[PDB]
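One chain comes next, on its own, written out as structure tokens in the form deposited without S-adenosyl-L-homocysteine (SAH).
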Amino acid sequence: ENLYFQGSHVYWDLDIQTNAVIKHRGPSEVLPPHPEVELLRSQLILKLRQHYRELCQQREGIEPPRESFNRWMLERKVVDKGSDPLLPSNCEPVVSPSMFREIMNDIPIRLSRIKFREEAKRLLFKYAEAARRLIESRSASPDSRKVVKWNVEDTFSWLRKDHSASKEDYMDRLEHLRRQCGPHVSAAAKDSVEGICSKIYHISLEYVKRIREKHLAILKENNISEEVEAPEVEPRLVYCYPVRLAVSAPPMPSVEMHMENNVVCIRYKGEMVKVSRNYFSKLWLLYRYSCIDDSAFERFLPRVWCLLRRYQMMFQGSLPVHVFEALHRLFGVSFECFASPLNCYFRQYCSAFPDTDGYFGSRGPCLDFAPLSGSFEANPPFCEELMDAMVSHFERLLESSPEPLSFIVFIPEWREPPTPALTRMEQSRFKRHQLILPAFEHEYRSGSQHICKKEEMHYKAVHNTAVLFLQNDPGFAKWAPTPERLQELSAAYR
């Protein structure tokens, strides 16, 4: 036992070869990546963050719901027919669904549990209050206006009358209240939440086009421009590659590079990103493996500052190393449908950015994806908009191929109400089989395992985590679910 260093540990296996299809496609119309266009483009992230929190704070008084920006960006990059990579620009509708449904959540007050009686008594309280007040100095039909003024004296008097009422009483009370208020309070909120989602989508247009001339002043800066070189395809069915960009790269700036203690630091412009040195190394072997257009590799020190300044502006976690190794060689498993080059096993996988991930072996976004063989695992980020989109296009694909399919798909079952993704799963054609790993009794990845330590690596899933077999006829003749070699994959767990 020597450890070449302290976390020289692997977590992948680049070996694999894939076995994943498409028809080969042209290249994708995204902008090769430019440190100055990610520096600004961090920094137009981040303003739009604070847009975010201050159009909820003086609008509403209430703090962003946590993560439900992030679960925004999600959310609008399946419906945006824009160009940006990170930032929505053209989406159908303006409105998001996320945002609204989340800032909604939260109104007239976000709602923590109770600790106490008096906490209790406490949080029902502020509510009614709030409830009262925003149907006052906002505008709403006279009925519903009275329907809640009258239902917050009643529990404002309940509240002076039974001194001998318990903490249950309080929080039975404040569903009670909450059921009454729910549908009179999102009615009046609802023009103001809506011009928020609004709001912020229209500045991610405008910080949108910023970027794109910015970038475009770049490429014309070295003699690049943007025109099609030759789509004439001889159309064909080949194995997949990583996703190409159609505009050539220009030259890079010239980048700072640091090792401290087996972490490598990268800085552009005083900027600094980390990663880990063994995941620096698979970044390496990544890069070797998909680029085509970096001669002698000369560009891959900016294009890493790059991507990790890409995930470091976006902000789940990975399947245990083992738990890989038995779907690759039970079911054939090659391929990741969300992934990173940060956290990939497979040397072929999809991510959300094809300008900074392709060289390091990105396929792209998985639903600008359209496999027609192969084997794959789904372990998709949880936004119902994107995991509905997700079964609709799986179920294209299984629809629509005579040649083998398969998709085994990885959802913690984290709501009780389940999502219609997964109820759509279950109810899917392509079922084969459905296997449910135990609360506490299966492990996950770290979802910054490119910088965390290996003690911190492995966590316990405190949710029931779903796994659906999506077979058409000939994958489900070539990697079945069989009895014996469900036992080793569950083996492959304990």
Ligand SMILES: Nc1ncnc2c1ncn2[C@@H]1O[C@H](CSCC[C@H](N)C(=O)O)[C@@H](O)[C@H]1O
Second form
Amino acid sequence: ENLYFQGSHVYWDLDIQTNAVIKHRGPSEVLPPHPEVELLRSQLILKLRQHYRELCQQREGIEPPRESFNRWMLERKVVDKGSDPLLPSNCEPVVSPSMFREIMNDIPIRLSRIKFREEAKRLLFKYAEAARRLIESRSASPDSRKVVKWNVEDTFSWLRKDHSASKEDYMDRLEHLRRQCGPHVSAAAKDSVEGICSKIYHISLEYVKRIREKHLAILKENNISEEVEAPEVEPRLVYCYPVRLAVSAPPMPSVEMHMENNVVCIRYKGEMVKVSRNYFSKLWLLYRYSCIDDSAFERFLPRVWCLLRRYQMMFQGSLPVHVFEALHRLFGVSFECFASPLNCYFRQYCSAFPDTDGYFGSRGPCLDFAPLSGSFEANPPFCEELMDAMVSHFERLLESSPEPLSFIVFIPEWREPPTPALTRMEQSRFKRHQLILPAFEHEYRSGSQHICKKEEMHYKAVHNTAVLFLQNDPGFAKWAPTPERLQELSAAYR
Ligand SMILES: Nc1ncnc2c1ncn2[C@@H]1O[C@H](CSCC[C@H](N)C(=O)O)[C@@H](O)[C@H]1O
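The form deposited with S-adenosyl-L-homocysteine (SAH) bound is what I want next, because the block you gave corresponds to the form deposited without S-adenosyl-L-homocysteine (SAH); please supply it.
Shown next: the complete complex, the earlier chain at its head.
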């Protein structure tokens, strides 16, 4: 009963070797990270977030929906053909469907939960006033104007007369009025919201070039060229390896590091990133297991600074440790399709950034990773466009491979009407079993687990979680969801 230090718990098993198999692929075209480039990349995101909250206020009088910007970057990266690993650069369509609908949901007014009878009367009144105002101001068909005008006016006549209404009466009147005016207000504000989604995209596209022009200037300063070395590959099937970068890495600037109360602090030009001690030791193991261009491991500290700085600009949680042990012991799981160097359980995984995370075991973005065999676990971030692309990606891999392939996907029943991605997997021909983790009866690890305290690690899931076993025929023959296996799996959730 004597820990090495306070918080010296292990939340990973970096000894599990991979069973993921891929065709040997060439290096990624993304440039190796550099602290001077990430410093410019971080301050351009902070400007981009400020542009986003100025456009929503100046053009709609509303603040941006919470996490709508972060969700926007996930959606953009599903279709982005650009070369920046964080900001979108070449997307189709320009207007993001994710950012568009999240803004529309708070138009003409962001509805808030009401805790009193007069609060409901206020929200109903404020909505009616905002809906009528938005139609008169923005160009619309005289028909659409008249429908909103009268339907709003009817709500006002009822508010003056019927003073005996209750908290429930005001709520039902709002939903009806929201149903009637909803479609008409959307067409009037469509051009305005599309402008917000388009302006933010074009500003980011401009920021990407400002990042590349400084990144190329640093490479040319160190006499490094952006050319191919030897794309001649002997085509073969191999076990998965960390994503490699084509361009050689230049020598990194010096960074200063100190530890205070088992918390590691790394500094570069006044900017400091923090990480707890055991996760700092974890990154050291991942760096030794994965990095092959740093012979003396001399770029470790500056590359860790870039890693932590990248996930700071990025601003769910992980499965419990005892659950990952069960997935590996019962279903041979050895790979996380959605993870990061800070939350990964295995030393092989897919992450959002191949330039900063490849040095720590990442295989790059999941949609660019095409395994032909292996047992996988999938806990993707809540983003419908990414989730939908995921099951399409998984189904293609299960279709076109005679080797054992398995995907155990954890998706919450968060939304009152389920995401199409969850429904698509429920009807998949590779679905071998569907399991439901009851709400308030299973846990997750913190999303800030890399620096949060041990008392703040685990939290109860307030929603159900759907666990789906997507396996081809040979994968089902090897890692079948047998009753005895499903028995021990649910035993780890207790
Ligand atoms: N395009 C992408 N490909 C792979 N992983 C991605 C990704 N975009 C985001 N992610 C990562 O997916 C993670 C989802 S949280 C998952 C936690 C844990 N690895 C688990 O499986 O339970 C986030 O940390 C995020 O960084």
